[PDB]
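Asks: One-letter residues, chain by chain:
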Amino acid sequence: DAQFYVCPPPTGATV
Amino acid sequence: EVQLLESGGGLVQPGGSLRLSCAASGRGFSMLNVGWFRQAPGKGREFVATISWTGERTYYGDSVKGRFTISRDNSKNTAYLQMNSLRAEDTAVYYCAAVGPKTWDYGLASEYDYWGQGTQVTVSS
Amino acid sequence: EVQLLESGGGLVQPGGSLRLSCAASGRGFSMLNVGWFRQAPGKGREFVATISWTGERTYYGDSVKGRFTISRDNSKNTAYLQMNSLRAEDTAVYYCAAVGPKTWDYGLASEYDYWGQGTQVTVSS
Amino acid sequence: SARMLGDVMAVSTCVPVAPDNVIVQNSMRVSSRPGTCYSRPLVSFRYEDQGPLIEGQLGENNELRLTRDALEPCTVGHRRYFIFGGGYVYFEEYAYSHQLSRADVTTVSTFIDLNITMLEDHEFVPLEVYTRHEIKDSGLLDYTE
Amino acid sequence: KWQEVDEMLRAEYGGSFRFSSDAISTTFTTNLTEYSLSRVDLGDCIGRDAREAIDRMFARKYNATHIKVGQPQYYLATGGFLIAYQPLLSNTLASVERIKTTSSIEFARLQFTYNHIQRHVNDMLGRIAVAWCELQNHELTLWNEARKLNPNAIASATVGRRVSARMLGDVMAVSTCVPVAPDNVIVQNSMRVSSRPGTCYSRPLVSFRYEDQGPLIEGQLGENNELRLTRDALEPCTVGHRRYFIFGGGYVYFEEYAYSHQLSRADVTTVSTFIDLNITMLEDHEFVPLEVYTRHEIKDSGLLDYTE
Amino acid sequence: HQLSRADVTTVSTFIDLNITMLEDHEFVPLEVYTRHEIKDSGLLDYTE
Amino acid sequence: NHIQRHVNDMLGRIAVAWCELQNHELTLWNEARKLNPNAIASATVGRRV
Ligand code: NA
Ligand code: NA
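Protein chains in written order, with the authors' numbering: chain A, 110 to 124; chain B, 1 to 125; chain C, 1 to 125; chain D, 560 to 704; chain E, 368 to 461, 491 to 704; chain F, 657 to 704; chain G, 511 to 559.
No lab work stands behind these hints: they were computed from the structure.
Heads up, the beta-carbon is just placed ideally off N, CA and C, and yes, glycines get one too.
Treat the hints with care, as some may be off.
Simulated restraints, written as ranges between beta carbons of each label pair [unchecked claim]: (1) E/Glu614 - B/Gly55: 52 to 60 Å; (2) E/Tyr640 - D/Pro593: 17 to 25 Å; (3) E/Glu651 - G/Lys544: 15 to 23 Å; (4) B/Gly26 - E/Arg638: 52 to 60 Å; (5) E/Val555 - F/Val684: 53 to 61 Å; (6) F/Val684 - E/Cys412: 24 to 32 Å; (7) B/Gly10 - E/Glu541: 31 to 39 Å.
Result set (PhoX-like, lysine-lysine): computed pairs, CA atoms no more than 20 Å apart in a straight line [as the list claims (entries may be wrong)]: (8) E/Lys544 - G/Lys544; (9) F/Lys695 - D/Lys695; (10) F/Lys695 - E/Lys695; (11) E/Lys544 - E/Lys368; (12) E/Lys496 - F/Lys695; (13) E/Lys695 - D/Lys695; (14) E/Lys435 - D/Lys695; (15) E/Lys368 - F/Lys695.
Chain A on its own, in the form it takes in the complex:
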């Protein structure tokens, strides 16, 4: 998998 990913900060919306 050569795709890049932008990861926003994980809120406690789903744990």
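Guided by the hints, dock chains B, C, D, E, F and G with the ligands onto chain A, whose structure is given.
Replies: Quick look at chains B, C, D, E, F and G with the ligands alone, frame taken from chain A:
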């Protein structure tokens, strides 16, 4: 939060038997000490009984023994109060209360967090 | 700690053969350089032979070559000294000594930590 | 409880405590020092039912730590879940907020599935293309008869 | 009397008895109830031959190590076989009719072979299943530690999709990561910090656009093709700086905090953490009909044919 | 002091798996009735 | 055919499970590599490095 409802209250003659149901809505019932508190008409509120959050402890009031049995069913998220041989002074205004595992003061009413509307029961000859 | 005992010593004759057994009690025998030191009557203690802690080298005294051979049996926690063609100038009182993997001075005596009671051997015609 | 003593691992048996004898405190703030808080919630526990109360700090996997030294600088937007008994206690803004069961939390698995089933018992009935009576009867004339 | 079996094992299951002989590779099936010998027309030798054979076999093989448990027991077995069975116990543990017998015993031999193979296979595969469950439960601990070390990768592996993760106490909060095309991402030449000499970026700077026509957005290259929006990965400068960074399907090589070279994964020596397991399928096999003598041959072996 | 590895209590991180080989088995010839028994079951033999 | 089909199905399930387990443990190996490069390299290369 946890919202509690009561069912089963009604007119019962002396020496009768009844089963009250306290149904919980929300999450985390199994982590909740669940009890009942009865307030007499023209009188304050007093402790009745409480099942612990693990379900392994059953604390009772100082005035009642062998009459009221609190038992919790986590599958239905409910607490059942089996009431036997009601006297004239047994009847009161019954509320169901819940609190997390954060106090051993089950007798004290101020410790509980979740308070329900309550139910009506009457003992009369 | 390791406690050492000797067995097999006794009065011998020139040109004979013998085997001394050094038995160790405790833990960590396989992590010990084990050797022998003999004190002549009216004379100081001198190095005899020492097998290393891994059992892959066998250091010998300068005054003896081929007569004595030291070997190790870890299953019995023992060191066996096979002695051949004994001589009057060789006879002494033999002690078993042990030291951890913390010095290369096997010939020198005070390096060794574990010192035993010793055994008596004497050759005569 | 374990501790690395160099290259080996010293261990000591942990004494069990009943969950009814353990409660968690409402506030995770430090009373003496404002601006600093407890990383994990404080607990009060008794070794026995009739024993005296003993303070402590909630460790990992229902551990009761005797020393309340788990301290962190205060941070806004503080939301935590802590294992407690068979479930979780949810603290928001360093204060007790809610309680949850394991069923109320989404579960992901680290386990690799392997579904092995047993071979089933099989019965072999007797079977012949021609019985020996059939083979005897195939002859046109029977000398004995 | 047909067979004398010095080692016949009786097993009770399914409401039936199974009598297995390893010596003749045969498994007979009977009901639990005992077959009465009085039901046999002119069957007086069954008991006398059975008692003689059991006694002679016991005296020869079991005399010193086993004892007899009761009298011989008679059972009728599928295919029409009458089994006389004397149970043994270890010394340290102490109207008439005619039975019709099939000419083919291979049903019982197939029963024996299938039971033997089935029991072995079931035992071994059950042991493997237990070991697998234990190994998974045992590796959960390593997963718990690795979650603390790298929440992002652990969450992505255990969830099945690329997510950002943070340990919110004892659970792990997750959030879906937005994909970006590799052609929309480029890496910057210099890893030095323009404002402050003597300090540098730990990982190379990147410029990426969420879409083809979108505006340019600055950032720092994270791990495993992650685009970090904040360029806070900062380290003091160090001489002899040589790094490889994952980029798309390959690596970008930086030397002295400057872009140096490019590599594919084929250009890097590969070592494996995987343990090999080469399982091959058992192949199909065809059983042709086979007879030592055809019934035509058996008919023809007679010298004179009365019919002909 | 000094210890060998036998002097330290040993705990295992290994999961046990005891796999044993299926043993060799020999199939002897077996017949309910031999062809001589089948021939002999006739009351009268025309050839004889 | 019966024994062959059962054995092939079970051993194929085991092969798939083993492949998945190896791919799954690669993540733990990636973390342990940062934990202790010397030991991880020695165990994945086959010599002390
Ligand atoms: Na499992
Ligand atoms: Na694999």
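Asks: Does each hint hold? Answer for all of them.
Replies: Comparing the hints with the structure gives:
1. E/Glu614 - B/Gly55: 52 to 60 Å: holds (56 Å)
2. E/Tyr640 - D/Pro593: 17 to 25 Å: violated (47 Å)
3. E/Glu651 - G/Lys544: 15 to 23 Å: holds (22 Å)
4. B/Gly26 - E/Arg638: 52 to 60 Å: Holds - the Cβ-Cβ distance for B/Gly26 and E/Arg638, about 57 Å, lies within 52 to 60 Å.
5. E/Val555 - F/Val684: 53 to 61 Å: Hint holds: Cβ distance 60 Å, inside 53 to 61 Å.
6. F/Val684 - E/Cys412: 24 to 32 Å: holds (25 Å)
7. B/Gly10 - E/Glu541: 31 to 39 Å: Given a distance of about 57 Å, which is not inside 31 to 39 Å, the answer is violated.
8. E/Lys544 - G/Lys544: Measuring from Cα to Cα gives roughly 13 Å; hence the hint holds.
9. F/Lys695 - D/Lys695: holds (10 Å)
10. F/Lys695 - E/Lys695: Holds - the C-alpha atoms of E/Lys695 and F/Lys695 are around 10 Å apart, at most 20 Å.
11. E/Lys544 - E/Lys368: Cα-Cα ~75 Å, so violated.
12. E/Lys496 - F/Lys695: holds (18 Å)
13. E/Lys695 - D/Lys695: Given that 20 Å is the threshold and the Cα spacing comes to 10 Å, the pair holds.
14. E/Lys435 - D/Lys695: Violated, at roughly 43 Å.
15. E/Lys368 - F/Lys695: holds (19 Å)
The structure fails hints 2, 7, 11 and 14 (numbered hints given earlier, in ascending order).
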